[PDB]
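Next up: a single chain in structure tokens, the form deposited without this ligand.
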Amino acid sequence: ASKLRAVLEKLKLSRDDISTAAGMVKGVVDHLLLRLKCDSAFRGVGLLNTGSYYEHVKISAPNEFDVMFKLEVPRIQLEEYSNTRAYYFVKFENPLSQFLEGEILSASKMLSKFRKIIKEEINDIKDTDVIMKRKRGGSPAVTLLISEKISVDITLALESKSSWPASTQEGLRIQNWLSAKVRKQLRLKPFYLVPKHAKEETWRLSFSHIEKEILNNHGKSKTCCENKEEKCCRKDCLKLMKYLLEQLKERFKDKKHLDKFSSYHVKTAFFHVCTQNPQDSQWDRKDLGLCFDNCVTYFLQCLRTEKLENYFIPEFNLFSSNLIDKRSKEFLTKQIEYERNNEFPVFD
């Protein structure tokens, strides 16, 4: 578990060292929020987690940021599209009615207005060089580039404060780890709807905001990582799994076999290992190597079986053959199998 500690030490340095990046990013985001709020359709706009203007998907490249803009949408009426469990039609004074196509709220008609208002606030910036990207990928809707290295992903999201949709009833299976009372509390928090297709004007249910709630209070014991006698490697295992996929995606960026894989799959699988191993002793720091291996083993089992269920929506398979093909899965299975059987070269 010595090599892994060095990977983690190098990773701590690029994070902790004086980086102006996030400040160039805040300035941009603040300008857009002041602009969007002036508009009748985008008045109730705000950053998802205000104060922390990021969600660093890239653990290797600290120049690549990801930001979410929430829109508080009251009296939301959802209709599950094609029994998908994760994709819904948004139905419902008239506050957002300019995007309505009868009963159903249009995501594309909202994203186009969002893209255009952002295009109009870009030109007005005199401080730093910011350039937009109109590449098709649904959401992230807008992919800005501040200066030359810094890239920002902006996602528009609908916020609903009503109880979570039925499809989430069996999800968040944290009871035997974080408790039945913590599960009840988190389920009391809002949920989001981000624009995304299943092939249609649909919205995908998002619970990315619950991650920080869990990572900063991840033990079965209330004092996990608060003392010397209670240090676990849950966070370290998440960082290493995230970096392993990242180094592999970079190693094979010329090919297209790893393009569908994201840190989201790595996170989902890691949290399913937390459910499997609910005790703090199954996550002892001394056992960083063994622990990381249960994560590496669980992820390989996911690829092989073509099964990685959404952590909040059990009936939605992120590894569905209709989402990711067997060829893409078999390629990654072989690349990781090589990494574990070669003392993780990708890290050194």
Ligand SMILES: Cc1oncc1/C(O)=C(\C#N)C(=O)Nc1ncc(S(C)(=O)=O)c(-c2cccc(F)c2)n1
Given for the second form:
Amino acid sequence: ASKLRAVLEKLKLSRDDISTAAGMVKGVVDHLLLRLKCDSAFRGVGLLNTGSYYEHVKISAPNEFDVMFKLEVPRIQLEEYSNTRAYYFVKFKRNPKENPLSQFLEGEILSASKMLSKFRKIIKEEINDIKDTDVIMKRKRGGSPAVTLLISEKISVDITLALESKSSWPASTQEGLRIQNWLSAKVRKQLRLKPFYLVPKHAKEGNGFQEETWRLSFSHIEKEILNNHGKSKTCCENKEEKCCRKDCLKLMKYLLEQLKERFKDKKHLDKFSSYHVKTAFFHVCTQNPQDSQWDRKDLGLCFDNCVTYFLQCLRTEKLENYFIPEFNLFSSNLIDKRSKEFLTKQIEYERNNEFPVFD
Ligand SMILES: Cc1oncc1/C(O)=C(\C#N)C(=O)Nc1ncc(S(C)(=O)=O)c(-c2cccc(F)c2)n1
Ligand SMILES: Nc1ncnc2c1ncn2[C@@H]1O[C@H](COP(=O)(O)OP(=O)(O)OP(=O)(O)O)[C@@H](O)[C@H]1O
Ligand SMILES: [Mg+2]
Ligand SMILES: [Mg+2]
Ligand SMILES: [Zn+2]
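Having seen the form deposited without this ligand, could you now give me the structure of the form deposited with this ligand bound?
In what comes next, the whole complex appears, and the chain from above leads the way.
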């Protein structure tokens, strides 16, 4: 109640930190975007600002920014890899015109691993010829489609290549985005007329990866929803309509960040990410579609609703991707049962003890 408000106060981003970080990031990102347009493959590349900073749910410090370098790929033909619902091979239809991505084809399949290698290579060469600014590239991770930069040893920038398709969303999405009773059927229809994205994250094949696979991304839609999040079009535009939706997501993010920090050397929580609590939070929005169910005065209850839904997800080992219902973020394949039981026990103790990990 009063204690949660004091936590939200401490999580607020400093105006001075925002001013310095926003300037540093824009300078680096604008430069790379310019250099990439100069390569034959990446002529159409455009910027999408995404994740928690641009959703206004970043907590503590503005020290991690996300951007998509998107690229329209006309006449795309997707093939689902192995019923995984989220991972696809990219092929092309008949096209008289030369394909600008020819260099990355393996037979008829656009190689995610080749395209990412060149993307990463270009960015690497380019961040040397930045001289005015201190910028290094961190080592490639199999988990992330992103190239990660560190600016002035303090600010991380994740850049993901993203193919843009203006086609209908794949069939795996048909029962996703259950926003009809919250944001309206007409908004669901408008969002589903927007493009979708594919990022070069590869699917599991036995011991390793199917290195040519891409994964669906709806980061653009997640941002649209968080920054236009009410049943009322004037939600949070006036003092009579201040909801606690973003406050509840910030508190869930802080709960996980604090537990991950406390066990950062003991492995049990390494497989959990902020995307787990972001996804769970969108599900609680579907369950609680009225702005009256997110009144600022009910912060403690609204936060409890998010905590108990997340606990139910851990116990049942079910957390659907918000866009792709048959994609289980909490499957055995991804997170072993012992890790989920360990997180459940820490979160139960926090809920039973008024969240001492916040104090
Ligand atoms: C960059 C950027 O800009 N827009 C989206 C975007 C972007 O990151 C993604 C998109 N679209 C995305 O899918 N990222 C991703 N996917 C899986 C994972 S994991 C290893 O499966 O947990 C992670 C991830 C890995 C390590 C640490 C961490 F914190 C997160 N990250
Ligand atoms: N497993 C995932 N599946 C799909 N999209 C993901 C996944 N992980 C991350 N993303 C997308 O990439 C964005 C950036 O991810 P990132 O890990 O930086 O988290 P975030 O939402 O910015 O929150 P924070 O950085 O504060 O933890 C997410 O908001 C989401 O749209
Ligand atoms: Mg982020
Ligand atoms: Mg990131
Ligand atoms: Zn609101």
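Here, rigid core means the biggest group of C-alpha atoms that superpose within 1.5 Å across both forms. Numbering follows the first chain given and starts at 1.
- For the residues 320, 50, 40, 305, superposed on the rigid core between these two forms, a C-alpha shift of 2 angstroms or more shows up only at 50.
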